[PDB]
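Participant: Taking the hints into account, I'd like the entire structure generated from these sequences.
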Amino acid sequence: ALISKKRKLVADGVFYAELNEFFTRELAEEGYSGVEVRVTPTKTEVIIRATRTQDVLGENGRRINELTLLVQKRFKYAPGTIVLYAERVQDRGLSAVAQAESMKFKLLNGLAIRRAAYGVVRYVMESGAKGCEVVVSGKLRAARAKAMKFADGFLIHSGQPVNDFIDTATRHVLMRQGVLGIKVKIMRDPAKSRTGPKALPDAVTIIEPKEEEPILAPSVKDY
Amino acid sequence: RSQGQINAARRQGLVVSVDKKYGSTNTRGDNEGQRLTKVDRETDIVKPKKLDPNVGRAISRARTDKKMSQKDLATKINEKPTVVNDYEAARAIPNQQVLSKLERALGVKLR
Amino acid sequence: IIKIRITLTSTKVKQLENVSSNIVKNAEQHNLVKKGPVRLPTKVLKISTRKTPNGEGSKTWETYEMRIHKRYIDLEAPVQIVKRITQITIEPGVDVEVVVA
Amino acid sequence: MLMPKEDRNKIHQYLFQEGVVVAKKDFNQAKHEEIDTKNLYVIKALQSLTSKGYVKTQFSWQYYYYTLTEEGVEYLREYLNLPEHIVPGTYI
Amino acid sequence: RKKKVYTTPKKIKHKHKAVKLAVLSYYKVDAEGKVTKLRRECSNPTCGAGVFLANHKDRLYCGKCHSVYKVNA
RNA sequence: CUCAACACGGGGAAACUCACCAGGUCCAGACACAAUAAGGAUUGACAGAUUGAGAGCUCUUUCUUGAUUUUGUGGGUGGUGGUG
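Chains l, T, C, s and Q supply the protein sequences, listed in that same order. Using PDB author numbering, read the first sequence as starting at 3 and increasing by one per residue. Using PDB author numbering, read the second sequence as starting at 27 and increasing by one per residue. Using PDB author numbering, read the third sequence as starting at 19 and increasing by one per residue. Using PDB author numbering, read the fourth sequence as starting at 1 and increasing by one per residue. Using PDB author numbering, read the fifth sequence as starting at 80 and increasing by one per residue.
If you are wondering where the hints come from, they were derived from the structure by calculation, not from laboratory data. Fair warning: there could be bad hints in the mix.
Said to hold, decoys possible - List time: in silico BS3-like cross-link candidates among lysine-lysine, alpha-carbon distance up to 30 angstroms:
1) s:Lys38 to l:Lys75
2) C:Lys64 to l:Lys10
3) T:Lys92 to T:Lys102
4) l:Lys7 to s:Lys24
5) l:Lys78 to C:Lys88
6) T:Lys73 to l:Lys151
7) Q:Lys143 to Q:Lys116
8) l:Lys185 to l:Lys132
9) T:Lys76 to s:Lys52
10) l:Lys45 to C:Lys32
11) C:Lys61 to l:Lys10
12) s:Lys31 to s:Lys52
13) C:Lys32 to l:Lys132
14) l:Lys78 to l:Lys8
15) s:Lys44 to l:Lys45
16) l:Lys148 to T:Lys106
17) Q:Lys96 to s:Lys44
18) Q:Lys143 to Q:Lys107
19) l:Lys8 to C:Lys64
20) T:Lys64 to l:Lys148
21) T:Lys64 to T:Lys46
22) l:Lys151 to T:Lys64
Unchecked claim - Now the in silico label distances, taken between C-beta atoms and shown as ranges:
23) T:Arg67 to l:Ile158: 26 to 36 angstroms
24) T:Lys64 to l:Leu142: 22 to 32 angstroms
25) Q:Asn123 to l:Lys7: 55 to 65 angstroms
26) l:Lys141 to T:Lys93: 31 to 41 angstroms
27) T:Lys102 to s:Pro83: 44 to 54 angstroms
28) C:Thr67 to T:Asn52: 52 to 62 angstroms
29) Q:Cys126 to l:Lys7: 55 to 65 angstroms
30) C:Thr67 to l:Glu23: 11 to 21 angstroms
31) C:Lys21 to l:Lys10: 18 to 28 angstroms
32) l:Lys141 to T:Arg67: 51 to 61 angstroms
33) l:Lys7 to C:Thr81: 17 to 27 angstroms
34) T:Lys97 to Q:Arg80: 21 to 31 angstroms
35) T:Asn52 to l:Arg124: 27 to 37 angstroms
36) l:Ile158 to T:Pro79: 46 to 56 angstroms
Each residue gets a CB set at the ideal place from its N, CA and C atoms; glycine is no exception.
Facilitator: See the structure below:
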């Protein structure tokens, strides 16, 4: 304590960003997608959002007891006051961070660019997305850089609904010729949205009326 | 495969397996052409033949500390001098044709 | 009984107001005097970077904001029920401190 | 590195004791915060281990992250200790 | 920057190579068999009678210390 | 270097920043091989000379250190060095 809330709330943010960049670098080979911290009294806890939890949770408790030590050594936590959980991913076909790492590692196995990228867009469409778009930019097959974009569905990128329905991820893939850039935008449809708005702002639905009987039989019914 | 049966199975029939190959005739072999489909249809990340743990460390010295340089060594195997550079300790995906020419040009029998 | 004070600080409006609502709901589940949620003025923390790396282009500026919402509730309670109500309403993004006197 | 032998012992034992070292990318940092030795020694001792195997390093935000591998835990036994001792978080 | 001139006199000079003399640990030996101290020990409590005080010219200098133990005589 | 360079590089530089100039240290050259090497691989130093300098830089002197270093061969690493 003894720190102002202005410096306290900012320091919580930079602590989160340092953790997130650590796990992108460390759990790159396990399909990592994000973290969230739950600052509680008595052992603040950290959850790791990675597809293959059977790999993140190593043999007999290794590979996450190691990461528990690595965090509390670097951030000077007391022992036992931080624990690391790994629940897997909510529908990995719709996360742009996870689908960019999939796009990255498919490129590093020497897959053709047009095949590795059409295999990502069609998987995201299979996952119930309304539109997604993959951009590969760099020196693709020549010495002069170009940019290829692969799209399906539709995407909106205009306003506040971008903050609601767009997930973006940028990845640097390191090649023999140089560096290629991977950009994945995924627009999850608002119909399956659980929280927040559930429709686009200019979408109107009219409740269909039920037709009535004309004469309606002028009379009285009593009790 | 190679003359084990392809003449013995040709006893007055003359057609079993006479179809044409893939058809490059100077582009390299298809030793990973099977694995290229598997990384295409599997919608996750797979690890590409991770590293060269001791075939890097031990065979760099037996090849190059003997007489030679990598600028010389990459010239007789016909690859760029950074290809041998990433076969030195780590940081490569090892393919068969490059690793075969690495073996037959300098003798050390580690694959 | 003892005079207590609970201070809430967060960057999320929706996640904070329901926590204070649970605090007051547990406060008149078993009745005691409220001195209910007094909302402090919101703090806007502004960082104005330029836009870019290197200074080529029109001199365009951005401003980024973090919004700090703060609320304190001044309760009095027996010593037993203090711990349970301070431990049940724990939610991510909301920082709760409890001053003893 | 010259790195006198009584400072390999402090470094190598602590890597055996926990299995992790983080250690603060800053050379000439004057007595690293966990081990009683210099911070330059901690960074350069475990660079020697990494090149031969025995440990894997991650770097992020001016900090290193050292993890003892399974080819290094067996080696670090006869360097410092006797058998049937568990270095890493393998101990339940 | 194209090259270097090195206007300083052409000094690729290096340190003394921790100068390699012959075997030197000798108190003195008499016949059968005793030995007595020469280049006497230090007055340091942390030098437990194992260090040799060099005598350059009117100086007694210890090497267990980094810099300075001066019991001059 | 027209708009789309010229209170712009968040560039209000006393040192630091710092990339430039006159000079002095150090290796922070991992690992592998080979050699030297427990008749010592090597490391550090008081005083004086010397030096901008209380830099053992280097030298005079003779103590200390002990197998991590040194030398050579390949590499490794770093670079506000080049190419936007």
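Participant: Could you run down the list of hints and mark each one as holding or not?
Facilitator: These are the hints, each one checked on the structure:
As the CA atoms of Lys38 (chain s) and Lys75 (chain l) are separated by approximately 17 angstroms, the hinted pair is consistent with the 30 angstroms bound. Restraint check for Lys64 (chain C) and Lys10 (chain l): satisfied, since their Cα atoms lie roughly 16 angstroms apart, inside the 30 angstroms limit. The hinted pair formed by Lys92 (chain T) and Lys102 (chain T) meets the criterion: a straight-line CA distance of about 16 angstroms does not exceed 30 angstroms. A C-alpha spacing of about 27 angstroms is found between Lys7 (chain l) and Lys24 (chain s), which places the hinted pair at or below 30 angstroms, so the restraint holds.
Among the hinted pairs, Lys78 (chain l) with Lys88 (chain C) is consistent with the structure: their alpha-carbon atoms are about 28 angstroms apart, no more than 30 angstroms. A distance of roughly 26 angstroms separates the Cα atoms of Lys73 (chain T) and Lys151 (chain l); the hinted pair therefore holds under the 30 angstroms criterion. A C-alpha spacing of about 18 angstroms is found between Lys143 (chain Q) and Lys116 (chain Q), which places the hinted pair at or below 30 angstroms, so the restraint holds. Between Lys185 (chain l) and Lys132 (chain l) the CA atoms are separated by roughly 17 angstroms; this keeps the pair inside 30 angstroms, and the hint holds.
As the CA atoms of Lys76 (chain T) and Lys52 (chain s) are separated by approximately 17 angstroms, the hinted pair is consistent with the 30 angstroms bound. Distance restraint check for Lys45 (chain l) and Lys32 (chain C): the Cα-Cα separation of roughly 25 angstroms lies within the 30 angstroms cut-off, and the hinted pair is therefore satisfied. A threshold of 30 angstroms between alpha carbons decides the hint, and for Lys61 (chain C) with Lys10 (chain l) the separation of about 13 angstroms falls inside it, so the pair holds. Among the hinted pairs, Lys31 (chain s) with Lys52 (chain s) is consistent with the structure: their alpha-carbon atoms are about 26 angstroms apart, no more than 30 angstroms.
For the hint linking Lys32 (chain C) to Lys132 (chain l), the alpha-carbon distance of about 28 angstroms falls within 30 angstroms, and the restraint holds. For a cut-off of 30 angstroms, the pair hint linking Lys78 (chain l) to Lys8 (chain l) stands: about 21 angstroms separates their Cα positions. Restraint check: the Cα-Cα separation between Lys44 (chain s) and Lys45 (chain l) comes to about 34 angstroms, which exceeds 30 angstroms; the hinted pair is violated. With a C-alpha separation of about 24 angstroms, the suggested pair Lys148 (chain l) and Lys106 (chain T) falls inside the 30 angstroms cut-off, and the hint holds.
For the proposed pair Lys96 (chain Q) and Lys44 (chain s), the alpha carbon gap of about 25 angstroms is at most 30 angstroms, so the pair holds. Between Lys143 (chain Q) and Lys107 (chain Q) the CA atoms are separated by roughly 22 angstroms; this keeps the pair inside 30 angstroms, and the hint holds. The straight-line distance between the Cα atoms of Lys8 (chain l) and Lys64 (chain C) is roughly 11 angstroms, inside the 30 angstroms bound, and the hint therefore holds. This hinted pair checks out: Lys64 (chain T) and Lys148 (chain l) have alpha carbons roughly 28 angstroms apart, not beyond 30 angstroms.
Restraint check: the Cα-Cα separation between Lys64 (chain T) and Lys46 (chain T) comes to about 24 angstroms, which is no more than 30 angstroms; the hinted pair holds. Restraint check for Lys151 (chain l) and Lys64 (chain T): the C-alpha separation of about 24 angstroms stays at or below 30 angstroms, so the hint holds. For the pair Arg67 (chain T) and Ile158 (chain l), the beta carbons lie near 31 angstroms from each other, so the given range of 26 to 36 angstroms is met. The supplied range of 22 to 32 angstroms is met by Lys64 (chain T) and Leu142 (chain l), whose beta-carbon atoms lie about 23 angstroms from each other.
With their beta carbons about 57 angstroms apart, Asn123 (chain Q) and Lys7 (chain l) fall inside the hinted range of 55 to 65 angstroms. A beta carbon spacing of about 37 angstroms between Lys141 (chain l) and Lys93 (chain T) agrees with the range 31 to 41 angstroms that was offered as a hint. A hinted range of 44 to 54 angstroms for the beta carbons of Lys102 (chain T) and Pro83 (chain s) is consistent with their spacing of about 47 angstroms. A C-beta distance of roughly 54 angstroms is found between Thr67 (chain C) and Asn52 (chain T), which places it inside the suggested range of 52 to 62 angstroms.
The hint said 55 to 65 angstroms for the Cβ distance between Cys126 (chain Q) and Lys7 (chain l), and at roughly 58 angstroms that hint holds. Restraint check, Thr67 (chain C) to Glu23 (chain l): a C-beta distance of roughly 19 angstroms satisfies the suggested window 11 to 21 angstroms. Roughly 25 angstroms separates the CB atoms of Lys21 (chain C) and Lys10 (chain l), a value that falls within the hinted 18 to 28 angstroms. The hinted range of 51 to 61 angstroms is not satisfied by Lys141 (chain l) and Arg67 (chain T), whose Cβ atoms lie roughly 27 angstroms apart.
Separated by about 21 angstroms at the C-beta atoms, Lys7 (chain l) and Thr81 (chain C) satisfy the suggested range of 17 to 27 angstroms. Evaluation of the 21 to 31 angstroms hint for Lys97 (chain T) and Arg80 (chain Q) yields a pass: the beta carbon distance comes to about 27 angstroms. Between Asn52 (chain T) and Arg124 (chain l) the CB atoms are about 33 angstroms apart, so this pair conforms to the stated range of 27 to 37 angstroms. Roughly 49 angstroms separates the CB atoms of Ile158 (chain l) and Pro79 (chain T), a value that falls within the hinted 46 to 56 angstroms.
Of the numbered hints stated above, those contradicted by the structure are hints 15 and 32, listed in ascending order.
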